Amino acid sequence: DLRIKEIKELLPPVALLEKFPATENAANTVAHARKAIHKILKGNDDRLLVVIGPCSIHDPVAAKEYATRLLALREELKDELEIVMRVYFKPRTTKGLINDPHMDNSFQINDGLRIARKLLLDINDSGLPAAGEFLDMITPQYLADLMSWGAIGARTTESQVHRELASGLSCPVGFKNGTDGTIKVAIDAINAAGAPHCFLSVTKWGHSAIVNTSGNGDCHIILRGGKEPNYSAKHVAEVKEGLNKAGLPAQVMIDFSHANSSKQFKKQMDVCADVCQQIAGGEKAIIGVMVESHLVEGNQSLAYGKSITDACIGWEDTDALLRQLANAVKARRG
């Protein structure tokens, strides 16, 4: 191992599960939210899953405020929406509160893991479900029990080892379309993750083992745009067709940011209007949306509660956007 510089010890998942066990409150939040998203995916609930929050968590304090503001609207709009905080601990092409909690290249990953599990625990304990991005094959063991929904990143949707992981997660999973607008790799990923798999993974004890999964049927596509936005009713039509042709539920989640916002946080409100019109009009296929939002709109490379990663919408727009979606949902229902 000439290219390995150092090897340092890592707390087994059991260490963090023992220090920060799920309270009865937290367990209930996870259970109910998973259950509620399953009902939506099976078409037995006309409500809309709303996964919304910062692009990346970098300050537990700002994150807990956001969680309290969001919890309020979650309880206010629960008849129309299943609201889940985005708590993302990040894929790049050149990387998180877990991988470097002190954001200083000290890579205090054990501390990062402690900070992240506590935050997720605290959010779930309040009654707010959480959502995460699963990029690593080892980290999920420390956090998955506090996750009600997760996303496989667009750069890993085609990866066999991430489809294996998805096939064994206890929460539903979204797969993003290709960095070009194509759905095939995401349809393939849903089909793969739906099947059982046998593969090597690290256990709660931190040792490697052979695991066998059952397959995950709570997997769905996420429309994130390509060279052009793909949230319009024309694109929704195409995706639904490609899903029926593949034998999958004609369901989609629409990501209002990234390629779909044209890379302009403000445009997420445009996507919202468009999407609300489709739902208000009777589009039952849109079962969920994803929105990058924070306390303060904008970005930075530190202001309190403002993103250090992608640019997000602020709280006022967030409140607005969330009521629009809840109103679109009543129109589709009554």
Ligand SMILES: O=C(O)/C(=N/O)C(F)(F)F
Contents of the next structure:
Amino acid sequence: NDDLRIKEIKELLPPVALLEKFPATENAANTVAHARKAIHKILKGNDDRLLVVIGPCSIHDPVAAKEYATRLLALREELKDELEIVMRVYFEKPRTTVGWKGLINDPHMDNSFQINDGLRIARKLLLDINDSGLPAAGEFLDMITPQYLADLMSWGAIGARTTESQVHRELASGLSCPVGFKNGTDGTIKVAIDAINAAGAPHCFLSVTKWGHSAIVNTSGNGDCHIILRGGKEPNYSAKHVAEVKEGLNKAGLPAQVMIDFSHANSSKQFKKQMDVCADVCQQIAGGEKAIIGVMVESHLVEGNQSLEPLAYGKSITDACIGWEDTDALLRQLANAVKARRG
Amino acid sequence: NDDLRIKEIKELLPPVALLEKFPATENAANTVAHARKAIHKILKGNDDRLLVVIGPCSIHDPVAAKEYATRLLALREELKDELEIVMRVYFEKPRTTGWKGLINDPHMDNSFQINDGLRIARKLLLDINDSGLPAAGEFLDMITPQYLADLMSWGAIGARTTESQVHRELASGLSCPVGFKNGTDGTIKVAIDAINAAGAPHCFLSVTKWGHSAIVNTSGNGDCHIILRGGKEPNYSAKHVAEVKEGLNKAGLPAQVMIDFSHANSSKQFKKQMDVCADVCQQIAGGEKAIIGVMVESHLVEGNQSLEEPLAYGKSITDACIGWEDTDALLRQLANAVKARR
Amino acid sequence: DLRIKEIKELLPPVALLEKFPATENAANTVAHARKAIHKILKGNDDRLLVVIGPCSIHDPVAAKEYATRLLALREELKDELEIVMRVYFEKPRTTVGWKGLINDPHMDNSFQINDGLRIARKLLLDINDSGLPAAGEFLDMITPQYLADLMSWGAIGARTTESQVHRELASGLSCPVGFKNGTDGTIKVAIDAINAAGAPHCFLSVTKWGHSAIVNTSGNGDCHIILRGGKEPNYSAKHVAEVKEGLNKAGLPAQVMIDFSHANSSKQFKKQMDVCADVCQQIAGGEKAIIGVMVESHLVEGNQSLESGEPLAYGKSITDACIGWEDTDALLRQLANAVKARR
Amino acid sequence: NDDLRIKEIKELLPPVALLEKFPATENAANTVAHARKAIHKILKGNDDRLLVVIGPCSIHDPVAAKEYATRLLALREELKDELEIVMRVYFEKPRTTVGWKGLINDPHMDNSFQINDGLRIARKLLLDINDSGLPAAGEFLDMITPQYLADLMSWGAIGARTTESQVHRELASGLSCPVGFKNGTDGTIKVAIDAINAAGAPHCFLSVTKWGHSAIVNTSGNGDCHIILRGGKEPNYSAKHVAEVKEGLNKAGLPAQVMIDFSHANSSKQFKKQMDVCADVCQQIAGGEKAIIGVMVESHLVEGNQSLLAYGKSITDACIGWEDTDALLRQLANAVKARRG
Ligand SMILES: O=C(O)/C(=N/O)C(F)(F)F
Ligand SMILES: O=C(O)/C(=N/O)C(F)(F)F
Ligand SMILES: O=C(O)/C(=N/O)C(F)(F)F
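Provide the structure of the form deposited with the named molecule bound, given the form solved without the named molecule shown above.
Every component of the complex follows; first up is the chain already shown.
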């Protein structure tokens, strides 16, 4: 009657075992605090800077991740007048059917499934990268893994294939960080407009505590949430596309702001089209477009992606990203448009 | 940095304690054991019969629910040769934003006595099985299945969650067979990926019968199927069934489906479940063996009402359903259409 | 590690409280007896508590045939006594032996503790529901949470009266608690127990969820000394003198419960009624301080060797030897005559 | 009907959170691994050396204890041919009724009862000592603290006040290290014999795992236990008492070995008397007492004690200071020389 397609159960460290091995340093604590503050301001129209969330499609090699972090950390500080730069530290990836689930689920890319090692690796990384003063971002996919990492997160996303999940809007309503919801795979923007409304509200659901115990949590509600236009059946980063979502959100009585995602369905998957989308969004930002509050970009040390018989350094094992040299031109190419939007 | 928006945590009863208060009776386990095997044999093409998942949209009064079961159990016998009738015991009922469900606000006032809700919902589930009528629920979250899924013989995944990885991960390790609702928007590529996906072994994090996190390694679920339920327009046609039949095979999957006479297929009006029913029996009697099931929002009294004064007995507090006499006709219609085939 | 051979799962205390909840009546029993005993220890009543029953429960069938017989006398002597059946599920050995029904219910070294706790609590509930309070010994530190709400009086073993953690446990026990003198007949130890248990403590124990935590107790004031013999018996009136004024030197209620079994019987089950005579003589003589007594009683008298391994007889204790029923009615009758004779 | 007297409940970290934050180094694991084996070899009679457990009554300051530890590690390495020296690292102290409970309980010494710091201080201190080659020894009073601390322990005692308990002889029967049971608060050796025998059996009982969940546990049983002579209202360290414990151990069919506390009741409550006992046991050991296999000295940087604040002076029972401690460990290494010939 029970547990008959359940093969094994294996012990899983409680969040406090990670929270006490890898406590957040004074520096760390202050990166996330400030970074969360900064993005709040950008969302309440009290800042005109651009939230840019840029980085690999998915972490899988902490060494490569650190070269990228300290490279981008320089541009966080050179463009800190037009850009609020945040690194794309994605430990979990939702695969269309099957495939590698991210670092935390399978950190030795071998179906070992050393998920305890996973979070150890993940948390130490998230930790280190926050020390340097760079802020981190991630997709929130699992219902349990947030408790181990979220205190180091400064901006999260709910996957497209999860923007309708009640359980996922429930989670968004309690996270301490801002959150972005992606429009639906077909480009439906209301299922996301709906999640913003839910997320902004209090909920009361079942979940796991830092001690690894089932419990009932009540959430205050999170009003720092926005849409992420990722296009769908056809790219939708246009200035008039933006104007639809803009109107739409006014109809729903939510603030008219948007994060454009340059990749996936706005790039026809062609990794290099992030430059095209990039060149189109910058025109909108120069033209005076006040409502483009942020940007998401897929970006690694080296352009392209590889299958999973050895590992090319610095290159994605999942979605395909623009290389670093392109990144530089892209980020400076934003700061300039944000310059052209006020001076 | 920690827990700035979460501001209160309350104690929750572990699965192990609800299975101890309310243990499966030899009868209840018997009904679940046979009912699943019944549906498995159907789903491997080994049985003309039609699985009918029918019952209220949501349960809110255990009393009206035991009455429904005794009635529906009666018909589950009568037509046992043609229909495999499985009652539908749904608690939580997704909505963008009153009622969270029976488990979640069992007292219908935002007291959120999940613990009462859970004791109640399992006890009702228990009794319906001990009487011998299988139940079929809907798995939304990841903690709640650990308290109930032993008394369920079939399950569905909400329309707004068929795309989610976490819910396909959950179907990975269900002992009951699973149905996936196609997309809100009538698409079915998502339903296909979920079947494939839930049919793959998985390893994820989940709560145990004792209320601790752990790692699970599931086996993959082989008894899954799409669930047609409309989109822009309804899609209960046979034009439609022909596409899904095709693509399903193009997907290298068993060209079988289950049609939901409700939701986007009823174009909302609850009585239109009868219209859809009429159309299906044409096919089943026509000779369409790849319609292996149907799903009806059926209560004791037709229509619905709104939470406020007391409530009409036997009339849903959520979606409007056909009442009991529409329920008798519809079941008899289906079972007639069944043994046309011959 | 090196010496932990196996680790099986244990049903949490919440699970038994949920499968065997106090009926409204049983709640009443547990609660009236608990206030009664408090009123004895304050002098505002003058009946004699009487914890009397088997040495160890091992047949839930005989323990109910017993409880109905003992309950039948409980109601009759209502006004003299305050009978509390002896439902000890834990027993300690000088060295190695069978530890009680909870720790080995099928006395076949199966150690089916989960069955043990189910059987123990179900029996415990049957008895409080038919009006008969239960008394027990608190040996283990985790079992209490599975049973404490169905016990109206509790003892701390002669061999654990010094143990800091058994004092801590009584400091937060909700029923009232009796401490035995040292196995060598020392009072200092038991006085200290009362005093330690009289004050609040902060320590680790396990909540009703099977979870370790820090608990702050309040302190238990309904604590008294149990006299149980030593090298030679302390049921005297000479000793009752010393114990009374030693207790007044500590500055504590000058009262004492007297055991009749164990060292005061000199491991001689029948000599239990020789002690009765002496105490009813003190009690019928105007000794007000004898506020309780305890007596090892079963259906048939004597005992049998589980360590045999023939088949077992019905209603005979498998550990310490007890009187049989006929003596117990007679013993309970003289106690009631003594208490009335006392006024 | 319940919790009428439970004033409150705060969360306690699981043993695993601490095993993760202060994992044992390769070195610490080795100090432990080796020290245990040493004490096994002594116990089973295959090494004529003498286990010396020595150190403060209670760690209250960790800095003083780290200084003490270096001083004693020098001595341990210098006498390793006659002596196995492990430090007395006693966190949980058992008071006669109500008083300061020790560093794991109320670390800051003011009734905060910050048990989560305590545990944290107590494990880093133990790890630091073990990492630096010096084995450690402590009291096992609680039923839960062992799970955060056990793995950095080479030897433990069961308190004088808790030798008879089923719940403590159960614990002993699963500890990965040797154990010594003290006699009872009057000189009784019967309790200690029974304890060693019980602690030698396997047991099944309820405990908390490394994760903080109650669960069922079967022990294998612990052969590495022995009696700890500590005295009554009259000290029982003189050869006469030693020969009584000897035959008694034979009657109960146990190896006839012993460890002699120099303190508590063989000190008759004055610390400097610990030196006297030493001379006597040193006589016995050099006479050719193979029965005596270890001792226990309460020793600190500053002799004497204070109440509640001096550095390295004990703040519970009085101990000898470092000049007397150097003297004493040497007297012992010499009787261990005499004894071998
Ligand atoms: O599912 C998602 O949210 C995605 N994550 O990176 C996207 F953009 F491909 F759709
Ligand atoms: O199974 C259900 O009741 C559904 N839940 O959301 C639907 F709409 F998909 F059909
Ligand atoms: O150990 C005990 O507390 C006893 N319990 O009943 C005694 F006195 F016989 F030894």
